[PDB]
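Only one chain is given next, in structure tokens, and it is the form solved without the named molecule.
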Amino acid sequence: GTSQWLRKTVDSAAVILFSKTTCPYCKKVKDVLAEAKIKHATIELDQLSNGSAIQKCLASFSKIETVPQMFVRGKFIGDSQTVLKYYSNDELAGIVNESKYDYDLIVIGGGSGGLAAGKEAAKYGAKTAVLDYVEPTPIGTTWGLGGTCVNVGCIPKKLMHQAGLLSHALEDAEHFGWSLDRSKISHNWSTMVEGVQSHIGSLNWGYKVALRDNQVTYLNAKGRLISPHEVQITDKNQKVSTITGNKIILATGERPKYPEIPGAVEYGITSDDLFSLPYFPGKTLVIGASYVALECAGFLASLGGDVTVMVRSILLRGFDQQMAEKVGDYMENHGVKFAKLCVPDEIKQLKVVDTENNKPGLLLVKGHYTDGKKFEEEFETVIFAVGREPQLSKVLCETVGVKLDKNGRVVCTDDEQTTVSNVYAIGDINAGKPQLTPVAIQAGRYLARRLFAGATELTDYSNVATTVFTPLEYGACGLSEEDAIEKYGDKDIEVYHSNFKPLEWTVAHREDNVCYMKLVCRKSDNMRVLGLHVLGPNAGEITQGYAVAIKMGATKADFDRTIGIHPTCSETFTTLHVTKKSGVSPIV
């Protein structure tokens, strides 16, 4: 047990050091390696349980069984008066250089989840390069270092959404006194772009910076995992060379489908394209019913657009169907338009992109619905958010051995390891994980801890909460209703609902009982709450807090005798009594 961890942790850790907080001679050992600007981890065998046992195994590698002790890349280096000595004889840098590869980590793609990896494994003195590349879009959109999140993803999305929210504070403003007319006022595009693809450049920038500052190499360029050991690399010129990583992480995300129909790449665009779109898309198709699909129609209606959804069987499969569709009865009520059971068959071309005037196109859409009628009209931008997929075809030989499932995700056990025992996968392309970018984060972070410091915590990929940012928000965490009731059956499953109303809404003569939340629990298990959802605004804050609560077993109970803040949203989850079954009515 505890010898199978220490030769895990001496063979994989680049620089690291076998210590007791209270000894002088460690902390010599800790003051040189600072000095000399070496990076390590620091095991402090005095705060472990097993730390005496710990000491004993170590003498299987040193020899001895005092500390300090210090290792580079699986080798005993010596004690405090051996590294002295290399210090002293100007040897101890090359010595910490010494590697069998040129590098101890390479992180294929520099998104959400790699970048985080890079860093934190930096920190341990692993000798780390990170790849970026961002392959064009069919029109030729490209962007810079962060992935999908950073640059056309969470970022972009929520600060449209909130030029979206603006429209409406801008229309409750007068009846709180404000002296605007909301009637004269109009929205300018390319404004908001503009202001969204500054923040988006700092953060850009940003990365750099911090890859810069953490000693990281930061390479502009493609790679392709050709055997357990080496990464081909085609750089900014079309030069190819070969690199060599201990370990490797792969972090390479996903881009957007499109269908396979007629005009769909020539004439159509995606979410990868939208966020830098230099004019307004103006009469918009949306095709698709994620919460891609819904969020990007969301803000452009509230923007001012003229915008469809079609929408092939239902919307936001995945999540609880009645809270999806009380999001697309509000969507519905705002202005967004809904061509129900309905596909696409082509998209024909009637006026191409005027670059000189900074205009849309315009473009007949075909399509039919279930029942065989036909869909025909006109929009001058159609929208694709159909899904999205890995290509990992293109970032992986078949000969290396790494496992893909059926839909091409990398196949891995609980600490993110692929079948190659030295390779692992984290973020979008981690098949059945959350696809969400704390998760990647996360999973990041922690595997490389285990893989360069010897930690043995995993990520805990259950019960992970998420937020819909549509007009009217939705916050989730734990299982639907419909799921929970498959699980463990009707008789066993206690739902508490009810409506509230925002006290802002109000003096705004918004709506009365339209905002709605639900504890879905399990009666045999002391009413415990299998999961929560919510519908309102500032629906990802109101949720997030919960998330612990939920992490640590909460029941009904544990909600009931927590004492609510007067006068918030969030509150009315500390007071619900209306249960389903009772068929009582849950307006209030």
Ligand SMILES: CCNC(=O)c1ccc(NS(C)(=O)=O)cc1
Given for the second form:
Protein chains: 2
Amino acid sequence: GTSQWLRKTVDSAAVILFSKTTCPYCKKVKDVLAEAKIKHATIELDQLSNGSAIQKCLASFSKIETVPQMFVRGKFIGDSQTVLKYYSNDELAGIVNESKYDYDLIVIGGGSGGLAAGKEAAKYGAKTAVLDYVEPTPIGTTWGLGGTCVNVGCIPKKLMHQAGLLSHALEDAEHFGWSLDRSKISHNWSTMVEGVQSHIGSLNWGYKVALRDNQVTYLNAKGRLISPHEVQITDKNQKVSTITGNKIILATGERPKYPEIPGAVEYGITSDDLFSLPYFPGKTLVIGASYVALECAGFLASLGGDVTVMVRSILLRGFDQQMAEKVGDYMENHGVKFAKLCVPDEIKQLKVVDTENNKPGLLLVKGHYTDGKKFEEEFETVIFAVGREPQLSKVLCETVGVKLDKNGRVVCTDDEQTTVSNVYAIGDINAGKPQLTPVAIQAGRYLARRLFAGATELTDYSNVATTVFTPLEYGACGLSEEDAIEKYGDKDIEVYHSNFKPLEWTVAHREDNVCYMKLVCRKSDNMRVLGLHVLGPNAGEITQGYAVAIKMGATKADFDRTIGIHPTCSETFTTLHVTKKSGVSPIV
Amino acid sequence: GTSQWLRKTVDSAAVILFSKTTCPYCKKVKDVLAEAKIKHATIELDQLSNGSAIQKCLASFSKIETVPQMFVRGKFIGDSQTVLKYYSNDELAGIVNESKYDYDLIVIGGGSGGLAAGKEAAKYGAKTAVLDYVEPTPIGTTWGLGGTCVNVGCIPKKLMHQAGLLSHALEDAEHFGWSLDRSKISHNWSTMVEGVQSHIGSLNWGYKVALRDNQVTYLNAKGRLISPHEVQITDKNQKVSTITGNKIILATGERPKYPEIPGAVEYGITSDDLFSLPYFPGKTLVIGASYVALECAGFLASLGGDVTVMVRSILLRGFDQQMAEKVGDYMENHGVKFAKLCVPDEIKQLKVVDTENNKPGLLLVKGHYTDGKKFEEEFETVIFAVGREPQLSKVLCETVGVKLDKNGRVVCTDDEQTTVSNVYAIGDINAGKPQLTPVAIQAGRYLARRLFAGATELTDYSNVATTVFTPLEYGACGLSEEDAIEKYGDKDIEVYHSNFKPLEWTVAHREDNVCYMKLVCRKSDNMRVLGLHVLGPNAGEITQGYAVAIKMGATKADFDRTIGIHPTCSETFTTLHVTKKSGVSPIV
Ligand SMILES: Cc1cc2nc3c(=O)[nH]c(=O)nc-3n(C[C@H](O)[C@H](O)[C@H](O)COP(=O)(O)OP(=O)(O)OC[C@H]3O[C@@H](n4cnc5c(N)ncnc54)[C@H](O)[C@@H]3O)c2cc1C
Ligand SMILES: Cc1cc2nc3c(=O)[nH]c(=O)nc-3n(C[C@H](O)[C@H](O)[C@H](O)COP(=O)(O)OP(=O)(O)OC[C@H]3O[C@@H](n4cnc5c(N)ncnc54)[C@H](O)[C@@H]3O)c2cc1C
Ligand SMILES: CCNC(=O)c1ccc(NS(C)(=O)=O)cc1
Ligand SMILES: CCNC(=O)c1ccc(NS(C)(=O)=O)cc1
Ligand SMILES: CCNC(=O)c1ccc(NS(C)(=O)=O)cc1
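Could the form deposited with the named molecule bound be given as well, to go with the form solved without the named molecule?
Whole complex next, starting from this chain.
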């Protein structure tokens, strides 16, 4: 147990020191490695409950049982007198750089997970390379280092969401006494895009600076794993070459899908293109009903667009469906049109995009409803948000032996190991995991610590909270109500709910009974909170803190005994009492 | 003993039915009481883990061990056959209304705690009177039913805080692409006050409607306890009379103090006057340094005012002083002036308030610094916020025997009982308890349930979360850093901390390193989280949810294993790692 942990740790750490905080011999080795700028992991045996056993086990490798003991890539290098000898003789640098491979770690993909993993590994002396390449979209859009969230995901989406929220702020200000007239103010799309892109550019630069200052090699090159330890790279000039690494982390993410209909690739766009578009989209059709589809339709309408969403079946498939319908009803009440039970059959081009005058084109969209009636209408911009998929055939030779599932994602053990023992996968391509930036960051940091610093902590993928940044935001943590009932049965499930009105909405004359929250609980387990849901402003700030409590096993009793902060929206969770079974109305 | 809980429940309840959910005889009794419009408490014995022993103990009062059994004010009334006999003989209404006192409960004070206690008691058939009277301020300001928070506290303060926040929203909107020019926009104080006062009026009317719909007698009259069961009332026409009650709840709150200096009462105002003031305060001096003082100074400056704060010693005494200093620095950088280490000596009138043209007067303030130097400057409005105190002399006669402390607050047991067995106190006048509106509401509802429905749950006053709504808001739960070090020793305390920047502040070009958060933890108790602190936008929404986790005993490992929601301010709590002992900088 201890011995099996010690062997895995010694075998895969690049540079690691076994030590005690009280030992001045260990301190003298620490000072020598620091002076020579040699980074390494450290395990302080006196701060572990079974340091005694570990000290004994080290002898199976070094034939000594004292501290310090220093190792490089699975090899015992020496005790204090031996390390000092190598240093004094100008031999230590060459010893710590000796390796069978070019790199201790190669990360394929420079996004949320891959950047996190690579920087963390380098902290412990692992010689690291991070590869990143951005295949341009069909119209040629491309961007810098940092992945989907930084460049064409969470960051620009929430900034445009905030531009949309500020329109209601301008309306609210009149009621709170400010002299402006909202009716005489307009929005300039390209001014907003310039500011968003300027912040994204600071992020691109900041990541390149951070890899430099951690001695990580950054290659702006497309990678392909051709054997367990060999990565083929293709640079911007089409020069092909091969590098080797001990450990491989696959972190290449996904890209948007297009439906297989005439005109889609040629004349529509995706979210990849939207966040840097030089012109305002104009009258827009959004095809799809994911959170990407609704968030984009939402802020486009708040910025003055004429917007329609075409929905194949339901909104937010996989989310609690009562909450999804409340989300959609609010958008429909504040300007978004919906073409329900409808799919597209073709896109026809009526005008080409005007690069000169900076204006969209014009399109004719033909489709049909599930009963066979026809859809036909003209739009200036058509955005497809119909899912995302990995392209691992471009990343992964079939002969390496890395197993994939029926969706093309990588099958991994609970420590992110693929079917090939030195190869791991993290982020959106890890099958069955929540596809979110903080998950990918936590998985990559934790994995790097296990590979190169002897850590054991695993990433916990259960009960991970989410927020959908629609015009009225939807936060959630845990099970939907229909999932809870399916798993435990209706008689074992109690639901507490209530409407509420933000105090900020009162003087602004906004709606009385639109915001909503519920707790889904299990009767036979001390009224354990199985799921939490809230529709209202700042839903991400509201929901985050409760995710710690649900992680700890919170029950309805724990919510009741905690006192609220007044006046907040979030405090309504501490006094819930109306049950759905009672039939009593949840209005205020 | 089960027996002594049953004895206290039977003695104190107004009308209580002991029942079982499966028994059709209990069913017919419930329907009869419903048709007769007789409200009552119900104890369903088949849902309690010792309903067996309770059935046996009921024999001590009724000489029967079956169910249903009805009691009224400590007297057994009968089983199913007997209750029906009374109903069909038109004797039931007289039997349930027979009592030694006019009321089962008299509440003195119609605020946060008192209204909540009174409405809750009435649901269990307690015949209830609620007394409220608002003694006018020195300039004659008065208001309606609902207490300090509703009329001159949390509600108007946070609505004017929101008016101030909207000013920065106007400036932000230009950077996000909206065509307005913030420089040409001004604020109208009286328009804001009208909207705020219209919302307060709807709450005044709502509480009167609530009391009427719960059959609660509302007397707009000053009440005085003269013996354990006798309350002397004085109405608006000076008419004096007496009413009697079984239980009494004191819930009369506090009012602001004035310093004992010339001119203060005559020419200054307090928060009581500020929220309905008919003219803009103009150039304003706020005297004091509590949360009331800083919150009022902050929104006044955001609405265009010229504002100074005179500080005797420190800001926010009793709060974490590192956080208090960050709060004040932000305020000083954004337009609030501070006259530090300074007290006032006298207020001289230069110009009377102009009621007709709706203009403030003009004042000369004289004071001095703790080293001896002099302060002299003119202001149009001087606001005192130097504490609040009860006036229980006006409420309670010395001879009744209710013990007070050296501050004038009522000394209570952990179930709100005074030194007089039928008299309880709740809210701000309960000595040693946190003085907050949700605390008073929870104490009131829980006390009512114990008196009239046989409940046993107590109010938990520990680790109650707070938020100070200064221009940059400050939320907290648990111990300050200095208090934890004093209690446990510096070597046993670890503090994790970080600056952060809201995503919304990036395009708006706001400050990089002013928002700040920290966790104060106990090493020898598994890194238990002893206190959480956050300075940033929406701080009360951020803080509330973690209050549940802290109530459950969260440790640092609990915060680490929970995943963040991105992009939010609150997610920074899930990845903290820089300790103060390490000396590493916390900037981003
Ligand atoms: C519109 C949108 C909004 C979103 N909003 C949120 C949100 O609010 N919150 C949230 O938590 N998540 C959000 N997400 C999800 C988030 O973007 C992803 O979960 C996250 O970025 C996944 O990170 P990753 O490291 O797995 O992959 P990515 O971030 O996609 O990074 C993979 C990188 O590898 C590169 N690459 C691919 N193939 C190769 C190759 N052969 N060689 C070299 N490099 C290669 C890619 O070009 C890319 O740069 C959003 C996603 C989208 C599309
Ligand atoms: C400016 C300000 C801002 C605040 N902001 C917040 C905030 O954001 N959050 C928060 O949680 N708390 C806040 N508070 C505190 C909160 O208002 C109080 O904790 C709360 O009102 C206490 O309620 P209570 O029931 O104890 O007394 P009150 O609400 O003060 O009610 C007592 C009532 O009894 C009446 N009364 C007094 N004597 C008699 C008598 N003899 N006969 C009849 N009636 C009588 C009083 O006039 C009053 O109507 C704030 C307070 C102030 C002053
Ligand atoms: C002329 C291009 N035609 C296509 O059919 C196509 C290519 C790539 C796509 N996506 S990507 C950028 O490889 O992520 C989508 C569609
Ligand atoms: C600095 C990175 N190290 C870690 O995260 C870490 C490593 C080992 C630990 N424990 S053990 C009992 O030796 O396996 C704990 C933490
Ligand atoms: C709705 C009002 N009732 C209560 O709050 C309550 C009372 C007693 C309880 N339990 S007991 C019988 O004392 O064992 C539980 C709950």
